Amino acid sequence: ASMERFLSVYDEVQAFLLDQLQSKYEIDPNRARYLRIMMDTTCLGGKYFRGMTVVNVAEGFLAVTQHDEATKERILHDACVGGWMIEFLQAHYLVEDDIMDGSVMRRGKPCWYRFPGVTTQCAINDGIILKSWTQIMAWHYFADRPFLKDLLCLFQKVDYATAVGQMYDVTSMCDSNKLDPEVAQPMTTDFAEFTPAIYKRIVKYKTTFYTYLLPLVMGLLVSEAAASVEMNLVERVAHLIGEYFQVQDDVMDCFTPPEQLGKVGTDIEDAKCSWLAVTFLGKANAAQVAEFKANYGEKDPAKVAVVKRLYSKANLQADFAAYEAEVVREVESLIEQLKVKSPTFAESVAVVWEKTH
């Protein structure tokens, strides 16, 4: 089974990386153990949606393509290594993001940097190692693969788009015209940049490229099946599902219980450009807008309670329903278009959509 194969490949890749640190990088057992625990704590515990999407895309093509048994095993092995590259890429960004944001918890566990024997000094560098390991993996396992050049080039572009997205996100509550490394940044007072287009730009770069585009395209690359698809449709369907995934995360930050979310939501206190803030500003009257402005982006629990009350009264449950109906139409339309060149890939996209919905 796919998940078992995927998890087995983690153990193999970890053993490879730690053995190489011992044989070629002069590491001692206690530092190898620290890095083993760092890898496990930062990479394991999720649903492995991203890595498993690579495997699932590859499995779809194996069911319709003629291959020797050893070739099927090799493609599935490459899809697992590729999937782990994405999981380690996410681990890098979550470690660095939690430090940047001074976050307390990540999926019911303390953030890595908060571990007593870690600290920010080590955690910033541990995050750097996590992304370096993605490349060590690719060069070792894919050294003689025809897709190596395309895989590394795609991975690099996605990594860069993600860092750009993080920049869009951390500066989302600043007035663009005031951005200056020499001047301390005040939070916006007009919220003029809390627009659907600006929200969509943050999400496309910060989340969509690494969460949806990269796993789908990597699955195609390891299967040598990129010519079987229209790349513009893959990008368009990735943009759409990715946006919907973030809208769900934004809604959950404010309304889902902390024990179910895995953290206490701080989007309101952090003055985040969330779907809730953008949608509320898109329908509120002048008095509700003024009340939002006097309470948004402050740690004060009573001020946070006014925002949570304004959202509940705004009936954003109805806007979400209308948004969801529109996404369903467009996702289904793109899935139909994907069937022209690849009914197999279209099914893998339908699975990805079902898992998000």
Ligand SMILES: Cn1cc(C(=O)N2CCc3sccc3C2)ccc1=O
Given for the second form:
Protein chains: 2
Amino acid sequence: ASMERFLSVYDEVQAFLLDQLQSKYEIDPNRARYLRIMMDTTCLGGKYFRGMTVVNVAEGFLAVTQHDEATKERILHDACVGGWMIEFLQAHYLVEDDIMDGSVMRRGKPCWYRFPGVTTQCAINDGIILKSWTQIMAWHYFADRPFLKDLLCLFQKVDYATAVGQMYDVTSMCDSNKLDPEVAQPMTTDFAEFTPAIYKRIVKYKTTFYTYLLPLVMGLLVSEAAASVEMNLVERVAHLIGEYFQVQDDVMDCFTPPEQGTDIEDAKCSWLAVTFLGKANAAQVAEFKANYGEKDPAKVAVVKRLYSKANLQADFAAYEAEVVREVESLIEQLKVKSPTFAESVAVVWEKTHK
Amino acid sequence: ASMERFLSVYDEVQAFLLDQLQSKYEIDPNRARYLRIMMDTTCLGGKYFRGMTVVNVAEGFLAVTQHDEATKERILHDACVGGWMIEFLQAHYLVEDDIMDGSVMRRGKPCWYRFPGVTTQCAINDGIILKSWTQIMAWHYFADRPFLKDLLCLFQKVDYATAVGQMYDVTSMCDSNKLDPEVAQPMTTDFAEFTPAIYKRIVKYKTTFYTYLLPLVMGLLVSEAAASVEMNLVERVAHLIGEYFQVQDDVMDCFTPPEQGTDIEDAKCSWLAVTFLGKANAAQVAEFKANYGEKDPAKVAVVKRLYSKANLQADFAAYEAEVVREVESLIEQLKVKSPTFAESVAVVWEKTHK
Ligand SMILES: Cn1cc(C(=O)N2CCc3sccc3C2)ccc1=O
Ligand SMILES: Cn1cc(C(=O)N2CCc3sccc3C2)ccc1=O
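In place of the form deposited without this ligand, the structure of the form deposited with this ligand bound is requested.
Next comes the full complex, and the chain you just saw is listed first.
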């Protein structure tokens, strides 16, 4: 029912956005059709975990709070709209990051900019529109809601934290002291910045704010339940689950078959490179430096072989055990003020851990 | 004094943004330096007409309204911050549009993405940060202002109208009925969509909202003076002055020497192409179709020669006379409710017309 309600609200949001373009922005039907296809191609197809977390958090509070049926329906509708603002925000990131990174495929389909009738000229602007649409949704659907100011303020900080994260991510293969707009950026030779703390900073800002913090805090906001939680705990658990999620994506980029990654070629500061450097002997480090960040398949094969013989699964299982420990602890600390919210965080963890 | 105060506030805004990155976003000093150079290169160098209009509108109201000195200083400071949000919004557009259009130069300097240490990978994200910074400024400086909700709501609509305008602009050389993300877009052969009404729609959305409406309405908002005006008149005069401004830029793109344009090669729906088609005979139209939208300098020379022999200066002088007439009329209609605001619009017109 929740997924069914969530997908139904997409149809209503799309019709509202397209009809407003016609009545207020002088759009013609062909341009409305182009934007309709753009919206469907960039916003749909995923699993909707981010958007659905808003719905799941709100449903949790509905079960333990007294409301009229019309209030229950309004809260669910608000959780669905809020969920779609997050999915559209993600769509904005995916379109822009695919252009920035020169990506080829996204969810077994070509990246949006690669469609023949799209091109980078239109796709950069299509990504800008996707983010504008999140604000149009908020100002229209939440016009008279007491949580409107807090929701816009939170969405803004998360979006800015994400833009900051993308900057940390795309400059992670360069020496900080050499960053200069005037001079072409060489790849690092010492890899001195491939450390656990620097990797944690990249991940924290690039994904955790919008993938985990935003859905959980939006669920609280639409429920008028922000008092039922200690915000310092919500932030701590979101960054922690968020970090684990990225570590899984970094492992998959290298080892998950294409049908089911270019982090080595792009010389990314991945969990695999950081972990490898933290345990490798002098000769393994020299061989890593000689092969990393090269498009040559023979060199990518050497890096993968180094990762395979380094037994990084042991470090991953030890990292996983520590995260299980810390997540269980934070969930317990959340149970004090809100057993309902703690259960929502437990579900988020189960969906991440699986 | 006003320019001097405006430029002083840039230093304070830059220090606030960079210091917040350090204390809240874990930025290192090299990344802060990269963003400082990015901000200066993209936001400074222009004439600041957009930002300064906010200041000029507020100064106009200060002269006719009773306030304590501390209130006068706060209003001016608010007009300056609001002015810089517009300049940063423009910077965002210029960075993104230069990447989209493949532009080479911007204000006698290379476009931001073309700097050796920047690249498209960083520049798309730098443009996203420039827009995020406009929201950080608003939420920090206007946190407790009664105009905060209206200002954010207006800024959002203007930004979305601009994104819509960029879409109308980049798709203006294509047949509407052929727009399709699945099929590579051919240039128009009939030029049936190169009409005054279609050209007016492009211009209205791509520049007039952010160049003229936003500065004037922001000046009113920071002054708590939105009642002193008929908003339908403000919109009418902004779109009208805005249209005239773009017509001047379209003429300059073709005839102003590079030291002091690619609209012909990019097959843009410019005022020159629209006006030419509106008066040309059958053989002139055939010669236009045979040469427009081609990078070949011999073909660009034919188009320029057609424009020169078509006596478009006569049509420009007649368009100019009609705009002078309509602007004078709207200024008179504004004088009824606010002689102060009407004088601010008269100054905006004088700076545009010169
Ligand atoms: C590709 N993909 C992604 C996800 C995902 O976006 N996650 C993990 C779980 C949650 S719960 C709240 C947010 C998330 C983030 C889950 C399964 C999957 O196949
Ligand atoms: C390049 N350049 C631009 C401008 C400009 O941005 N305008 C024209 C006047 C006004 S007043 C309020 C907004 C505007 C817009 C003026 C002189 C110039 O050299």
